[PDB]
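This structure is in structure tokens; I'll ask about it shortly.
Here is chain A:
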Amino acid sequence: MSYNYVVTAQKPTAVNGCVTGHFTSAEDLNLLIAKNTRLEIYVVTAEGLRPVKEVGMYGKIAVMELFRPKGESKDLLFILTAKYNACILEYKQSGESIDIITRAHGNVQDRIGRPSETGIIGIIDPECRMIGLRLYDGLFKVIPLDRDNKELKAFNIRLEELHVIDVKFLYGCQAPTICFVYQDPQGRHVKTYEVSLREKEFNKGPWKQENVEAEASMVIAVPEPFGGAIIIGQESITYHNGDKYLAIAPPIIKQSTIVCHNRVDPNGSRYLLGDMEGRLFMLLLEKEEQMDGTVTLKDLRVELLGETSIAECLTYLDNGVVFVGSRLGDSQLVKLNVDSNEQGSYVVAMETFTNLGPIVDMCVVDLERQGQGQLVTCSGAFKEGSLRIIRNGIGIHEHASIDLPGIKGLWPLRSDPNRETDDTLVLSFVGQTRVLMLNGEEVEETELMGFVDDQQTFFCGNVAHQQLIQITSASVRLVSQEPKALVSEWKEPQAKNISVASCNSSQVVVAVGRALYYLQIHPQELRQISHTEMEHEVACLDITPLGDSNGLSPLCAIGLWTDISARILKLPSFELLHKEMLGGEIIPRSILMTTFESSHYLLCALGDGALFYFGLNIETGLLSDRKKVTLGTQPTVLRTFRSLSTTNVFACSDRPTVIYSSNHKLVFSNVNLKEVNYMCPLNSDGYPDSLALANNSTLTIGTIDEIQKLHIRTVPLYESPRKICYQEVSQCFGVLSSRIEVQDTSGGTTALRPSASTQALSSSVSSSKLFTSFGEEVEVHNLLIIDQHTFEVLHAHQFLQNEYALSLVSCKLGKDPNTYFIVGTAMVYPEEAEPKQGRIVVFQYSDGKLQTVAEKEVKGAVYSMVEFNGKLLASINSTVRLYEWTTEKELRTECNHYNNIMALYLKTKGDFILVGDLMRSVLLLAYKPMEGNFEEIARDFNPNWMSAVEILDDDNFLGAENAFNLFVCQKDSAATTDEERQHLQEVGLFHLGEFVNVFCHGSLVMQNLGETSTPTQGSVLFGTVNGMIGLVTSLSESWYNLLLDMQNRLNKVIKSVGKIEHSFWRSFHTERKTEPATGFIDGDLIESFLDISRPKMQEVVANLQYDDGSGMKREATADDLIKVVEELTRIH
Partner candidate 1 sequence: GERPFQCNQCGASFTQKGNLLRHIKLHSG
Partner candidate 2 sequence: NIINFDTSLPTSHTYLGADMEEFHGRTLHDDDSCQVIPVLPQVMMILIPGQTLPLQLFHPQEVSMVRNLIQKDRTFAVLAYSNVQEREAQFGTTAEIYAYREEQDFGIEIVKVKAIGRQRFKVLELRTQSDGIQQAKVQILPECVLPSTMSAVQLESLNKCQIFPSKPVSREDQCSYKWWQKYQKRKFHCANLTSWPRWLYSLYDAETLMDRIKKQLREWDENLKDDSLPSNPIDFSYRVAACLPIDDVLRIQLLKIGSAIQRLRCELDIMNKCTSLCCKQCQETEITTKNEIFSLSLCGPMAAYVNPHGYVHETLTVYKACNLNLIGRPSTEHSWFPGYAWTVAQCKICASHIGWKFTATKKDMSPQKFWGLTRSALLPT
């Protein structure tokens, strides 16, 4: 009884693994990046990274290695998901279709076993003989690699060693050999085994066990001619090869331990290393030793290169460029230049890929346009901490406003030869054409001599030979720049009226009645070149020259009013190069041909609000490319404004859109506007590179924001941000941040780097008295004030020593008209375990200064804080306290409620309160206003790790729990038994695949009443650790049932990578139990219905009984669901 719909509004961005190899082709070098559920394939070029394929899998990529078995032209790919779904993929392309086929697949989990605390390790023989996997302690799962092993059948081998740290296959061995470092009560040792496939058991290793440093972490296998393994610890790096043994203890690497590595030379002569604090090392091996041709290691030099992002995984591309893949910061492409050495750093950043993870908190705010919200996240950690502002579509920033009574057409004009700047805007009404003049910011209306004042102007723009062509309704009367006299006037021979006008640089083709006459723009003349008649009425005409020449349009496509068909015909002739009958009924509204990024298209916009995009051939004929997008519900007029060094097209309709090309395919964005009827680019002197958009009620001039569907702006802080809240009265953001300061040998603290908290315009230090060794690092917590316009840190309040700021809320209390910044802190000491005392402090940003209005000392940790109908609801330890703000500017307690659980999470919906803890102990309260004490309604205790809460409705509650799941609880107040009304039934399960940190109410799409409203009620955003934004909305029963039928039907049609069943992945997963997902609709799968071919859409629809409109229409057609899924796509 939940009926929720979860969709991904922004795909995950954090990188958790990257490999290189000849995957797509034996000649190309690929960089494969796995974000989480998404696998991205790049091709490295001279400039940088060129994307090739973007494919998402039904799991969390946990192991990803490229191997080339003997007899294969290019490398294969082995992927193991978090649910133990192993698969082997091959890249295949046929001209233009790209598909990643699944060569082998299977499930490699065991019936019983405790998962290892170190995690999944996936290693492959260098000779490609088997795949080893360590999934459970005390067991090593070996997968034989054979052409006949299509189901990936594996056999377990017993490890006598319980705790294995890292394991890797050794290079240059006749028999397969592993070399692992493992833990004992006597310390850490390195051991080796010879895996035998015929015997299905281990053997004696090549070289005996050697005691290593007690902090050894990783094992790296050094290829030939070196051989052996290098073991990197927290203080020393050693090289074990049996007879050979060398070790160093460099002093550079002792600040932080190396966490990841990558080889840069094919023979293993140099290595890359990275640590937690994010600096790049370079381990150098010297092979100067050569006795009789044999090459052996002699020296183990280490050098420091520079400082990069906090790298989760490294990768060395060709020609000295290194991909520093970060998981809590922006990914990077650094360059290992050798001879610059600007100040002691060998690395220079080339690129920087956006990464929103981890998201710790977010708030939805309408920063620019009222009604449309924006997302401000707290992304990153340590020096990677920052704020990200996310908005949808390309906004228009208005710079002028003029009242125009329904202008039926806007065209630019340049009444100044040799000026290179527009001066007047030709606004055309139903019967009149007013030429508004604006040299600067004026709104004058200076009529041109050559332009008819009272005439329905259809086109008025500059023509060749310094002439201005004005093809009005009466006749196509030309003009000139200097003399301003009619050089030519091509009146209708039959005194007819022009219906469609299309004037180009050299040609001017107009249509009167059913006959179209093409008149070339002769020098100081109007000479016809061809004439023809159409079978039906000409709905629209489009004569636009393509690339090059720009003096003669190869084709001139026209629309038929009575036939609703588009035909492309040559300009100097009448033969139809191609014919298309896309759509019907409603007549076409506007025809246009574009050249987005050396790709030619011919877009036809019907009058029903659908755009029929289709490619075209410049030489002869045109393509079909049948694809319709409902870009609004009103007739659309297409205009082309470059404004980007790219063609671009503006779709003026009820919902404006800009059609741009991302890589090679047109992408449709949104313009954050109510309604634009006509648009025209005006490069005026007073409004340079502007875009005068004329609505149905007024005319405005502005500039576009960008050409991207999602725009993310980064405001770096160089410190970890925790919580964010928006104070609209003060127009500022309150951000809690904490920086690491090291305890030096002087009794004080010195910052590691200049942060956003030590570089504020003003500063303060909390001075309240209601209350080790050198090298130790402590956290200093601050409350920042960030401007809502410039995003500069206005203030930075610093809390007391050993005080942890946990909660932050911005609200007004009682009858006080001021809005306050209220912070709940907890004084923590290493000596004790559960905090004994904490403070509730109330700030106020007024006149650019932060002052403490009142502070309250409580005996506990203030875990969470909300506003409760003008009263403050604090959560001290395991008690929920209600505070009232008096007229003395002081808080007094009013209601206490001593729970048996510690109230981490607080939510409020009217008079209801939702309380939970990390143990997924959801508990609900209800405040009696007449009696003044909290009373409990329902309970739901279930031992599990819970990550977030949210109140979807008065009786539905959402949350995230262990194994990246989502659940919905619902109370049944209609039950007549008292034992049931005090229980929260679980009516929803789902395996999201992400660790949800924060739940927020709001949406990034503008909310309008819309009469018909929306098939989905409400909208809740959530941000995860990987840096993806979700969106969950409620559904109706019938709509949910139809969507579930669609979901079950799609699984039989679409092909997944790895042949992983969809129901298996989405089934609620936990280390002790599993069950199918119920009450949740996979939004991604449903929205993937638009991406399949027409025959697949036809096979999907057989009996879906779509006619829920009191009937059935069993057939249900195929365009009925397209309307249904479009509304589901418009919500984000």
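If you want to know what made the cut, all candidates are chains of the complex that A comes from, given by their letters.
Everything below uses one rule, namely that contacts are C-beta pairs under 8 Å (C-beta built on N, C-alpha and C of every residue); 3 or more make two chains touch, one makes a residue touch a chain; residues count from 1.
> Which of the candidates 1 or 2 touches chain A in this complex?
Candidate touching chain A in this assembly: 2.
> Touching candidate 2 in the complex: which residues of chain A?
Against candidate 2, the touching part of chain A is residues 16-17, 62, 115, 117-119, 163, 165-166, 183, 185, 187, 214-215, 217-218, 257, 259-260, 276, 312-313, 327-328, 358, 360-361, 381-382, 720, 722-723, 804, 806, 828, 830-831, 833-835, 900, 902, 904, 918-919, 943-945, 947, 962-964, 995, 997-998, 1025, 1071-1072.
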